[PDB]
Structures are given as structure tokens and as C-alpha cells.
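Letter by letter, the chains look like this.
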Amino acid sequence: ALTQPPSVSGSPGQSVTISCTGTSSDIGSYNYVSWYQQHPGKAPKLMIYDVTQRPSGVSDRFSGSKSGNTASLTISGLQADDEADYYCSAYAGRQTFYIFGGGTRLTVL
Amino acid sequence: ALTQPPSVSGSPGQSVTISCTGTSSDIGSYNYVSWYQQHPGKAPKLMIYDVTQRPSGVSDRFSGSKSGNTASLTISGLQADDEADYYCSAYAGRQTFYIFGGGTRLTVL
Amino acid sequence: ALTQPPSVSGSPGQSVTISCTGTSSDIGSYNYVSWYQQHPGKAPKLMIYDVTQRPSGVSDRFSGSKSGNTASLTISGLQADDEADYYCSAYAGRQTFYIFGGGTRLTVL
Amino acid sequence: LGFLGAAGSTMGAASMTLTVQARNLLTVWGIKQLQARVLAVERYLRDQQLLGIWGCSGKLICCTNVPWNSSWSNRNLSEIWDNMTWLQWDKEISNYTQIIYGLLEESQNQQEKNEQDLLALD
Amino acid sequence: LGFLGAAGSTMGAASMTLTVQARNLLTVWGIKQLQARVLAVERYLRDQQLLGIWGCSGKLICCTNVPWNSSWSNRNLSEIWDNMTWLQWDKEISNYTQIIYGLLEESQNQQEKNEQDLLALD
Amino acid sequence: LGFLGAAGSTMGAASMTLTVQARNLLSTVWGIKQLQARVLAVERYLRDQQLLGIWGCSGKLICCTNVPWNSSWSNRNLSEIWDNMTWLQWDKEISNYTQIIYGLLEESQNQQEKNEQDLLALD
Amino acid sequence: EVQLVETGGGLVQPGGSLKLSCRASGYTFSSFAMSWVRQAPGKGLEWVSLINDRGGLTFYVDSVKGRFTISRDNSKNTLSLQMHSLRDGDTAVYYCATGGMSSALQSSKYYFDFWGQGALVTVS
Amino acid sequence: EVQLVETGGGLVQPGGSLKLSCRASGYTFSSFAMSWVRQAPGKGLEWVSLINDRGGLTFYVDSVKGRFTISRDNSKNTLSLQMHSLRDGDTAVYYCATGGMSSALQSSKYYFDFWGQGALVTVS
Amino acid sequence: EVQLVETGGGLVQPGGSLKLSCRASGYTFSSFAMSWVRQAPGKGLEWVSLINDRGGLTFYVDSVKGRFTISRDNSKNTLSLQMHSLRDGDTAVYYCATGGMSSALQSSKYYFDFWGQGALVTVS
Ligand SMILES: *[C@@H]1O[C@H](CO)[C@@H](O)[C@H](O)[C@H]1NC(C)=O
Ligand SMILES: *[C@@H]1O[C@H](CO)[C@@H](O)[C@H](O)[C@H]1NC(C)=O
Ligand SMILES: *[C@@H]1O[C@H](CO)[C@@H](O)[C@H](O)[C@H]1NC(C)=O
Ligand SMILES: *[C@@H]1O[C@H](CO)[C@@H](O)[C@H](O)[C@H]1NC(C)=O
Ligand SMILES: *[C@@H]1O[C@H](CO)[C@@H](O)[C@H](O)[C@H]1NC(C)=O
Ligand SMILES: *[C@@H]1O[C@H](CO)[C@@H](O)[C@H](O)[C@H]1NC(C)=O
Ligand SMILES: *[C@@H]1O[C@H](CO)[C@@H](O)[C@H](O)[C@H]1NC(C)=O
Ligand SMILES: *[C@@H]1O[C@H](CO)[C@@H](O)[C@H](O)[C@H]1NC(C)=O
Ligand SMILES: *[C@@H]1O[C@H](CO)[C@@H](O)[C@H](O)[C@H]1NC(C)=O
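Chains as they are written, first to last, in the numbering used here: chain A, 1 to 109; chain B, 1 to 109; chain C, 1 to 109; chain D, 1 to 122; chain E, 1 to 122; chain F, 1 to 123; chain G, 1 to 124; chain H, 1 to 124; chain I, 1 to 124.
Some hints here could point you the wrong way.
As the list claims (entries may be wrong) - For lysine-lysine, the following DSS-like pairs were computed, each having C-alpha atoms within a straight-line distance of at most 27 angstroms:
no. : chain 1 : residue 1 : chain 2 : residue 2
1   : G       : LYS43     : G       : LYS76
2   : E       : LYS113    : I       : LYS65
3   : E       : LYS113    : F       : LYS92
4   : B       : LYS66     : H       : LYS109
5   : G       : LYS19     : G       : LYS76
6   : C       : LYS66     : I       : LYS65
7   : D       : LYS113    : F       : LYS60
8   : H       : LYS43     : H       : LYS76
9   : G       : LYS19     : A       : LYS42
10  : H       : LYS109    : H       : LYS43
11  : D       : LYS113    : E       : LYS32
12  : C       : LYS66     : H       : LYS43
13  : B       : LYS42     : H       : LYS109
14  : A       : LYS42     : G       : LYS43
15  : A       : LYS42     : G       : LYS109
16  : H       : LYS109    : B       : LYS45
17  : A       : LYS66     : I       : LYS65
18  : A       : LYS66     : G       : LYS109
19  : F       : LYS33     : E       : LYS113
20  : A       : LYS66     : G       : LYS43
21  : D       : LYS113    : G       : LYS43
22  : G       : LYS65     : G       : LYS43
23  : H       : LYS109    : H       : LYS65
24  : D       : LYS113    : E       : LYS91
25  : G       : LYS43     : A       : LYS45
In short, the hints are calculated from the structure, not lab data.
Take these sequences, add in the hints, and give me the full structure.
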């Protein structure tokens, strides 16, 4: 499984980061670290695929990075619409295809 | 090994069922559940091969079935001859080929 | 790892048999045992290559053999210059390639 | 025995000696010998290509992933391999032979695609 | 779709019809017809030998270990497999095909040596 | 070096150029003569490919097999066979034993094909 | 405006079996790989299974290799999942997802794009 | 009838090595696969070894995979089992059985038809 | 006279990476397979990695499978081990040696003759 913090928070106008740490056989070797945003009571949605790219129709605020064995999702702006659980998914090769981390609570002050 | 009751009993003229429980890779996916009757002091002998099929020469009384991951041997009126140990055998697959359950003491009252 | 005695002690002129023991899948099946001599302040060098052969330049006192699941190094009459650690190693297959036994301090009284 | 010697033997016995037949597949008579040689080469290569498109290239006994349909023949293995000869079998399944070939080709195509996709799963 | 039926079709669609176009690859008038048949056989055998030395014998879709070099075509996978035909692609990279084939041979040679050493490691 | 270039080289060195000598097997009186020559070349190539096929070596230039080497054929060590000998001297040395080796390879492949078929029977 | 709608019963006894269906619309169904991902009531997302675009290759997590079967019918735009024995630990909301693998002639994905509404499988 | 007559014996050192031999009669030897199945003195059955019709194929349990060798001589209609090293858990009566595998050409078995009387192997 | 000189090593913090280069002189470099063997300050010898004479094939122990990378440039004689990640456990003199594999056209080696001097790798 992937390790994520249980909670991240901040006020509108600042940027925050959500860390996702794995091992060399998943996060490091394979640069396919997607991120999902799950609104409570609703289904998830894709925010950034691969390790840096972004789908059409998603705001420029969400951005991604990866250094060593640590991947990170950076959220700017914090317009208070994003009251959601964030998940990091990582391709881990054959036989273990995808691993998700624990949810991160984003609280807007 | 397979889980199988240590003993069953009954009167002459009555029927009994000897259960035999395996896993999904053992009993469920493969319908090759042989049953062998070993008298004490004697080598075993084949009494059921495959879930339902009975060997040529074996007494008609012996029968059996399989449902889910549970196989069972159904006997008929317990003549005095039928005092022995009854062992299952299931074709697990390749790698570990065959696994043999415990003995069931069949007692004639 | 291979099991090998922590230390031995020999007297000049008396033959000492340094042993080595492994498992059936490694030293037994694979007829490639090897013995190395490492001086305390020097890099190891090779005394016995394969079970019984000896490389040119190495004194004829050094020889060895294997039997069953064990192997032994015989160094004939002890000389003052043979103060070093000894190691056994063995090819163990295309997975775990080479396994090295522990060190044997050869004490010359 | 030698070439075609197992023709009267059972299928499970004739199948043990497949290389014996396989090794024997390769102006008035100048042009006739040349036509016969080109014909032999063409027939051998057509058989080898047909084995190739089925995924059986380089093998004489090739297992496939096409299930046997009981409408083609519903005899059990003790009547086909122990109590029958190849010529009798050829007469038995001749009508359905092309159907079998088509299924074999289709099966290889699917297994050619799937294997490619696995090699793409980084 | 019959022989060459996918000629104007998408490469990703034409790549499912390889078999139809592979099965169809195989006194003076007698000499003329024999020259044509021998020429067809020689072209087939040269293509099969070329596949063989690449390690792709018996296959129609063969993956290799040679990386694609952007200089040959800096086009994303969609523009090739979804929008183009095989004729346009064949024209696009014809200049480099004699290079590509050479690289393939080299990689197979290395692979064969590798295989040989593993079969001895023991 | 190109075609037959590694002729005087050792078999170890020459074994790395097998593709070079493999590609040179394929390309009214003169019409019949040239068609006979071309058909002869094609038949010899196909006999070699069929012979490799019945040994389980189809599609390969360097094919390892499961037939042990018999010292009687030649008792030379690999430091002479591969490093101090050419293919011509070798081929002359094991000329008298070629047919025996071919028969053993054929029987080994037949046993392996039966073994592989049985290994797929098992469910 | 891609739609994914799961159907199937939500209440099962332990030891039983359940078939879920999932209808897709708004895109070419046969062109995309599909997957099932589960989320336990108090946990995060856990991947269950994946199937190829053409429907031939199937992959599963270690815990479900002998119990779950994933299938699709491109001609009916239907993704099906047949669950056998369905132990208590499998109680979860099951989401359909588009993505996870490609046909080798398409660009790579390795992500789950469109997400379905979800169906809740409760083990009694 | 079909008779399987073991000879072997039983008095072996804990680190010793033994060979069992088994003769068969009453049927065509070269057409049945054979196996060895052991029964500890008072416990249940355990399959030990499997050999094909032609003697080329051997299969073992993991606990003896590096120690036991099973071999067959079809010409003399005999089966043999060579045990090396051994261990304390090897105390058992060993039985030959005909069955457990069949070639692709013939019908499937995956069961044992005839069991021999066996021989007791005890490690002191 | 054959000699191998290790020109690398030193103190390194956890997380950092180090590269060890072992030049060889006195024999034909491209004809021998090479290996790296580790000796902890208070322990014996441990084999770490093996590369063939051509350099195309690499083998490692399970512990350093994903963290270490062995390489060989035959033309300019040098055997180089690039250790990424790294931990406190991998504190050791690292020796290069000429052996452990053969070309499959020469005799079998399976020993490590002609040893280097050894570079010291220390991890905080
Ligand atoms: C011909 O059949 C007889 C039985 O009718 C059998 O004994 C014999 O082996 C067969 N011969 C050949 C050459 O197959
Ligand atoms: C093939 O077809 C003909 C005519 O339909 C039929 O008489 C014959 O029995 C068939 N051959 C078989 C079943 O082998
Ligand atoms: C020709 O292209 C059109 C699209 O432009 C497509 O609908 C049609 O199937 C194509 N036909 C063939 C034979 O590829
Ligand atoms: C790719 O092609 C260019 C031009 O032919 C060549 O110079 C270059 O070396 C090639 N790429 C690599 C990685 O060698
Ligand atoms: C491929 O490149 C073309 C160039 O026109 C672009 O339109 C298309 O979106 C690209 N496809 C990808 C990145 O999958
Ligand atoms: C191929 O070479 C010819 C002649 O040099 C040139 O005219 C043509 O543009 C080249 N094509 C490509 C795709 O580079
Ligand atoms: C011929 O032998 C010499 C050494 O005797 C060697 O250097 C040379 O490369 C050989 N020629 C070839 C083509 O192998
Ligand atoms: C090697 O050949 C000799 C006679 O040429 C023969 O007696 C011997 O059995 C053979 N050994 C093998 C094939 O192992
Ligand atoms: C091979 O034999 C020759 C003598 O015929 C000897 O000079 C050489 O050292 C031998 N090589 C090996 C590796 O034994």
C-alpha cells in the first residue's frame, strides 16, 4: 500500500502539498502516479494522470511532481469547493497492477 | 490436507454420508475426487473415481457427489464388510498434485 | 549462508581439516565448491577452485574434497606463513548464485 | 518400419513416427522433373505456412486452443487413438476439415493479439 | 474483407487482416510459368529467412527489442495507428528501412548469445 | 568481413557471423539450366530448414540441444575446440560421426515433443 | 457526458454469489479497457480487477484470483462481474472505471478515467 | 488380476539412503502411469511420487523434491524409488499405485486403480 | 601480472548514491566475467553482483536487486557498480573479481580468481 498523511489543511489563497510515498518497485520505476479526488457521498474523479499531466476540463491549480520515491500533488488557490478525500494510485508492474494509498482529508479554513 | 470427519457410524440397513471439504483450487475447479477404502492391515482399494463414477466390480451401494467446495461419499446399508477407513483424494492441479485427507472410521452397530 | 566452524587451531607439521557444510540443493547438487584464503590486512585470494583442483602458483600443500553434503580443505603440514582467514563458497544455482561460508581463524601455536 | 510403414498401425502408434514421413516430403523429363520439383516445394511450403499461421511452426505435434466439437466426431479417445488408423480418421473428419482450419486460424489471431498486449504492460 | 481489402483501411484495422494477405503470397510458356513460380518461392523464402534471423520465425506480429528512433518518424501512436494507412506509412519510412532491418539482426544476435549463456549457467 | 570472411577464424570468433553466411543461401537451354540451379538451391535450403525443424531448432542460428557429447567422437577440450580451431578442421574431424549425431538429435526432439504434449494434458 | 451505470443486487448472504452489470454510453465501448475498483465503508479505494478492451485478458488482485470473474460484451456495451463465495471482507461500494491498460497500438494509460456511480455490495 | 509385488525393506539410518523396487503383472505395463503413496504408521495417506508411462517425467511433493528419485524400467516391468538423506518424518508404509496421470492420447485418470501391498520404511 | 584497482568509495549519507570503478590490467578484459563481492568490517564475504564478459547480462542478490546496477565498458577497461538508494546495512569493503560466469564456449569458471584490492564504502 501507499502512504499518505491522514489530513492536510490551509486557508484560501495559499498552496498545499499532499505526499505519496512508495517503494522503488512501484513509485520509482513506473512514472504513472495518478491522483483522484473523491467528494463525500459521490464517486471519484481524475485530477492528474501519468505523473505531471492533466486531463482537459480540470483547472490549472492541481499539479504534480515526483522526486526519488516520493510523489506529490500540489493544490493552489483553495477555492473551498475541494472538500474531498485525495488518493494516489500507482502502477506497480505485473501481478500487482495498481496500489492506492489511504485517503487524505483536505480541510479549507 | 483436506478436512474430513474423524468418524461416522450407523446401523445396518441405514445410509451415511462422509463429507470432505477442500478449497476452490482443490475441489471446486477440479472434479476428480476419488475415494479409497482401507481395511486395517490391508492396502487400500479404489471405490469412487471422479465425483459420481464408480469402478467396475465395486458394489453398487457406493456413490458420491460434489457441490461447491464440498464432496461427499454416500454409502447404503452397512454390511459387516464395510468396516474400514475412507480417504479422499483431490487433484489439486500441477505443482502439488494430490492431497489425501484423514481417515474416517466407519462403525457398524 | 553456509555453516563453517568459527575457528580452528593447528600445530606446524600436523594436518588440519577445515570443514564446510551446506544443504542438498546447493553444495550437493552443484559440484563447484571453492576455498579462499584472506590474510587479515589483504584482499582474499583463491586456494582451491572446484572441489579438488588447484591454480598455478599456489603451493601443493593445499587440496580439498567433498563428500555427501560436506566439504573439507586439507593444507598438509602447517607453515608459519599460513596465518589467515579461510572461506568456503559454493555455486547454488541460477537464482541464489554464490553462497559464502563464514570465516575460520587458523591459529598456529 | 520405413516410409508410411505405420499406415496400418493405430493413430497413437503412427503418431510416434512422424519424422519418417516428414523427411520424405522433399526435353522430355527436364521440364517435367522441374515441374515436379517446384510442385513438391510449393506443397511443402503451403503446409509449412499453414502450420505457421496456426502458431505451430517448427513442431510436428502441436497442441492448440480450439475445443473439439462433438458434432465433428463423438467417439472417445479409446476408439480414435487405440482402435483406428489415420486413413479411417481422414475419411471420418474430411467434411469438417476446413471448418477446423478456420477456427485454428482465428484462435491464433486472438492469441497473437493478446500476447502483444501483455508485452505492452510495462 | 478479402485479399488486400484493408489496403485503404486504418493501420490498426488493417493489422487484423494479415492472414488473408499472407495466404495469397504462395515449352517456352512452361519456362515462363516456372520462372514466375520459382521467383514467388524465392521471394517468400527470403522474407521468411529475414524473419528468421530476426527471431520472428512463425509469427505474423513479432515484438522486438529495438527502440524506435524519433528521427525516423516523430509521430505519436494515434497519428500512425488510428489515422494512417500502411501505404502512407511505408512511404513515410522507406528511406530508413534498410537501416532498421540491420539493427534488428544485431539485436537478435545478441539475444541468441544471451540465451546460449543462460542454458549453460547451471 | 562479409561472406565466408570468418573462414580462417576460430569457431568461437566465427560463430558471431552466422547471419552473414545464412543470408547467402537464397539468390531454352539456359532457362532450364538456371531454373534447375535455383530449384536446387531452394531444395537444399528447405532440407536444412526441415532438418532444423525436426530437431526443435527452427528459427534459430545457435540452438542448444539436450544431447550429451560423447568423448569417442572427439575428446578435445573447449580451450582447443573453440579457441584454437577453425570450422573446416572441426567439420573434417567429426565427419565420420555426423549421421549418429543427427539421429540422436531427432530422437531427442521426438521425446521432448511427446513430453511437452503430456505436460499440457495435465489439467 | 460519459455515463456508467452499475446494476445488481445489494444484499447477499455469506457463501453465496452475485452478478453485477455495468452499462456504458457516450464513447466507443470496445476501444477502452475496463476495471472494477472497490471502497470499503470505512476504508479507501482498492482495485478489484481489470479487463482488456477486446475482453480476452483479465487480471485480479491476489485475494480474489479464485473467486471473481470479470467479463464484457462489446456488442451490448455491457461489463459484467461474477463474484463467488463473496466473503465478509468484500463488502464495499464497487465502481466501474474506464482505463488501466491499452491495446499496444494506442497510447498508454495506466490510470482510471471515467468513474461510475457505484453499487453497494453488502455481505450479511 | 493385477498384482503389484514390492520387495524393498526397512532398516535405515536417520541420514541413510535406501532403494525400493516394485514388480507388476496382470496388465500392459508400458501404458499406465505409476505413483508412490506413503502412509505413516497409524496416520493417513500421502502422495509421494509420480512417473509417466515412458519414465521421462517425474513429479514430487515439495518435501522430497530434492531427495527422491523415481525411475521405471518398462522392459523388465519394474518401478524403483531411490531415497537419499531422508528424515524422521519418512516413517511409513510405501505403496505402488497405477494411475495418477495419463498421456494426452489416452483417457484421463487422476486416480489410482490398483494398490500394491507395500513395504514399511522405518528410520532408526 | 594481473591487477585490479578499485578507484571509488568513501563516506556517504543515507539516501545518496555512490559509484565504484574497478580498472583491470594485465589480461584480456573482454574475455572474463566479473563480479562484486562485499565484506562488512566485522563479517565475512558476501557475493553481490555478477556481469558476463560481453556485459549484456546482470545478476544480483535479492537484497540489492532494485538498488544496484553493474556495468562494463569493454573498450576502456572498467567494471563499474552504481549503488543507488543505499542503507546502513551496506557498509563494507567492496571487491571486484574476475569470475563467476563463462562465455558457454570456454570451460566453466564458477570461482573468483584474480581479486582486486577493495574500496571502502561507509554509510552514516
Ligand atoms: C496389425 O494389427 C494386428 C492386430 O490385428 C497387430 O497385432 C499388429 O501389430 C498390426 N501391425 C502393424 C504393422 O501395425
Ligand atoms: C460428407 O458429406 C457427405 C454428403 O453430405 C456424407 O454422405 C458423408 O457421410 C460425409 N462424410 C463424413 C461424415 O465423414
Ligand atoms: C474508408 O474510410 C471511411 C472513413 O473515411 C470508413 O468509414 C470506411 O470503413 C473505410 N473503408 C475501408 C475499406 O477502410
Ligand atoms: C537516431 O537517428 C539519428 C539520425 O539517423 C542518429 O544520428 C542517432 O544516433 C539515432 N539515435 C540513437 C539513440 O542512436
Ligand atoms: C497526437 O498528435 C496530434 C497532432 O495533431 C494531436 O492532435 C493529438 O492530440 C496527439 N495525440 C495524443 C497525444 O495522443
Ligand atoms: C528519401 O530519400 C530521397 C532521396 O534522397 C529524398 O528525396 C526523400 O525526401 C527522402 N525521404 C525522407 C522521408 O526523408
Ligand atoms: C588469422 O589468424 C590471425 C592470427 O593467426 C588472426 O589475427 C586473424 O584475425 C585471422 N584472420 C581472420 C579473418 O580471422
Ligand atoms: C559413445 O560412443 C561409444 C562408441 O562409439 C559407445 O560405446 C558409447 O556408449 C557412447 N556413449 C554415449 C553416447 O554416451
Ligand atoms: C586441453 O588439452 C591440451 C592438451 O591437449 C592442454 O594443453 C590444455 O591446457 C587443455 N585445456 C584444458 C582447459 O584442460
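Verification of the hints:
1. G/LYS43 with G/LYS76: Not OK: G/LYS43 and G/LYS76 at ~33 angstroms, beyond 27 angstroms, violated.
2. E/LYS113 with I/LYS65: holds (23 angstroms)
3. E/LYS113 with F/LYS92: holds (25 angstroms)
4. B/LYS66 with H/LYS109: holds (18 angstroms)
5. G/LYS19 with G/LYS76: Given that 27 angstroms is the threshold and the Cα spacing comes to 16 angstroms, the pair holds.
6. C/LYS66 with I/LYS65: Violated, because 32 angstroms separates the two Cα atoms, which is more than 27 angstroms.
7. D/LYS113 with F/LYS60: holds (23 angstroms)
8. H/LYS43 with H/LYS76: The given pair, whose Cα atoms are some 33 angstroms apart, is violated under the 27 angstroms limit.
9. G/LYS19 with A/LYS42: holds (23 angstroms)
10. H/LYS109 with H/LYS43: This hinted pair holds, its Cα atoms lying about 26 angstroms apart.
11. D/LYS113 with E/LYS32: violated (40 angstroms)
12. C/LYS66 with H/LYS43: The given pair, whose Cα atoms are some 38 angstroms apart, is violated under the 27 angstroms limit.
13. B/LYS42 with H/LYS109: holds (24 angstroms)
14. A/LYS42 with G/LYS43: holds (15 angstroms)
15. A/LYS42 with G/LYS109: Cα-Cα ~24 angstroms, so holds.
16. H/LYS109 with B/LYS45: OK: H/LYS109 and B/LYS45 at ~15 angstroms, within 27 angstroms.
17. A/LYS66 with I/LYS65: Holds, because 22 angstroms separates the two Cα atoms, which is no more than 27 angstroms.
18. A/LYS66 with G/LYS109: Distance ~18 angstroms between A/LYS66 and G/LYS109 Cα, so the pair holds.
19. F/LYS33 with E/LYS113: violated (41 angstroms)
20. A/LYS66 with G/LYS43: At roughly 25 angstroms apart (the allowed maximum being 27 angstroms), G/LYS43 and A/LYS66 satisfy the hint.
21. D/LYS113 with G/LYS43: violated (38 angstroms)
22. G/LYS65 with G/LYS43: holds (22 angstroms)
23. H/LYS109 with H/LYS65: Roughly 23 angstroms between the alpha carbons, so the hint for H/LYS109 and H/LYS65 holds.
24. D/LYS113 with E/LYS91: holds (25 angstroms)
25. G/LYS43 with A/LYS45: holds (17 angstroms)
Hint check: violations occur at hints 1, 6, 8, 11, 12, 19, 21; the rest are consistent with the structure.
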